[PDB]
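What follows is a single chain, given as structure tokens, in the form deposited in one PDB entry.
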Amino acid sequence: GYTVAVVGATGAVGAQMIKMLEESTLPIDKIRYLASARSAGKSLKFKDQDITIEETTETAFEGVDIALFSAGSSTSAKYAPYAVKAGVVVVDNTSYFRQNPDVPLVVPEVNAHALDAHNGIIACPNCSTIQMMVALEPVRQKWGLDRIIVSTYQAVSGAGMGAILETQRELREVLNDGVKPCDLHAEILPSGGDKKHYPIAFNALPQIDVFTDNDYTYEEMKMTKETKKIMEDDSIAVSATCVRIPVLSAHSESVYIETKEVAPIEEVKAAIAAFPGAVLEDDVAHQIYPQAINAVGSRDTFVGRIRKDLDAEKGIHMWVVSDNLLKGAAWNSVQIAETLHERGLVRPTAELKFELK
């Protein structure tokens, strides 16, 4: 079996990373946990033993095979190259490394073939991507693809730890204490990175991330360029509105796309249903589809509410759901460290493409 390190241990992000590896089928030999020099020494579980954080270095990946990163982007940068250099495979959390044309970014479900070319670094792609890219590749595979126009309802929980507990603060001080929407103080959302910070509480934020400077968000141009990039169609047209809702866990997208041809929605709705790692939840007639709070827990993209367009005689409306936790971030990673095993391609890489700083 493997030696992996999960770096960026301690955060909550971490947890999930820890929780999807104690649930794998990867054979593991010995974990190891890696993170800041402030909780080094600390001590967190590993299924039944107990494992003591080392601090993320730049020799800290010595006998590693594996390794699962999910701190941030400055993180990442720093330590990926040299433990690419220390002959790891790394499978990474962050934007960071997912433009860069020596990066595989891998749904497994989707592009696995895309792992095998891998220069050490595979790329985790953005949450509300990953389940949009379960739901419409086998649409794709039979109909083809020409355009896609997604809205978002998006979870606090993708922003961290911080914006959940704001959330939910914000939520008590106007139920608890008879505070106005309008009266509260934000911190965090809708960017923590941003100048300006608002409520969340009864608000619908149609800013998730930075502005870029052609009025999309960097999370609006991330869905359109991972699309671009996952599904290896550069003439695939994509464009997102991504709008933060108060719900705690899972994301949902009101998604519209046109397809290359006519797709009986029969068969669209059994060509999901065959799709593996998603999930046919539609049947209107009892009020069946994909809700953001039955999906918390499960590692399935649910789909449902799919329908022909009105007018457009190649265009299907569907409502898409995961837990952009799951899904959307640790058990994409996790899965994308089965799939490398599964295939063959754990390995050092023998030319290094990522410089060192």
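Numbering follows the first chain given and starts at 1. Just so we're on the same page, rigid core means the largest C-alpha set that superposes within 1.5 Å between forms. What changes on going to the form deposited in another entry:
No residue of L68, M318, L325, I53 other than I53 has its CA displaced by 2 Å or more between the two forms when the core is superposed. With the core held fixed between the two forms, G297 has its Cα displaced by under 2 Å.
Relative to the superposed core, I288 shifts its CA atom by less than 2 Å between the two forms. In the core-superposed comparison between the two forms, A40 has its Cα shifted by at least 2 Å.
Got the form deposited in one PDB entry; any chance of the form deposited in another entry too?
There are no partners or other molecules in what follows, just the one chain.
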């Protein structure tokens, strides 16, 4: 089978990428771990095999059949076009190539068909978008979607290994040393690139990624724009509010929709339940609903609290939870890689459509 490279092997997503590949249906002959200079030379396991980490360079992709990128937009912007030139099929986790019409933006259970026409890079959508698409696609299939209003409850792991560590030490300082939450010193959250940083311990930060010109943040607009693209329908109205909360792993979403035809609630539960990747967890009589802590370690997307709006005939509320590192990232990526292998789509692209620097 394949030589498979993981770019960003030492990170939060990369650790999970390693785990998803170890259990993958993909024929792997050789596995390669790529990071920056700081991890080069260091060792990391694949099953029992002992794998030395390689520095990522323009010439690192010779002999590689598939590369999963999860090292940040800059790394992908820099080294993915070279991997393509080399003959790799790239599955990128970052947001860099997502809006490029030459690049499929794929959730396998929803739009696997878009993989066929790939040009050597396939993008794994934003994590909050992925779980929402899993939850919503069986609903659109039957009754259509007019609009989505979403408020998200995002875990810190989506911002990376340092974010996780920053949160754990902040909480430890409050709970163990008696420090007040607003006397904490943050270096990373709400966004690593932005000017100011704020404590997350016992907080809810209504900022993920930086702000755009319309006063929505980038995370908020990614949900809007990625939704329209994955679902292939620009007429679906989408607005989002994305909040960081003190959760390590698993994103949660309060999702409001309006359908095009009225959609009886028990039929909505049945539709979601019967969609691949989606698990109905909805039994309010035994207080059953999706929970972040129960979603961690699972590849499934969990859906509950499903109930019609109190006023809008065609309006429905729900609660959607998934592990942001698995379905939101690594599992979706490994699922994409497996689907490409299955459909004969793991080969070089003759025509190069991504400029180099």
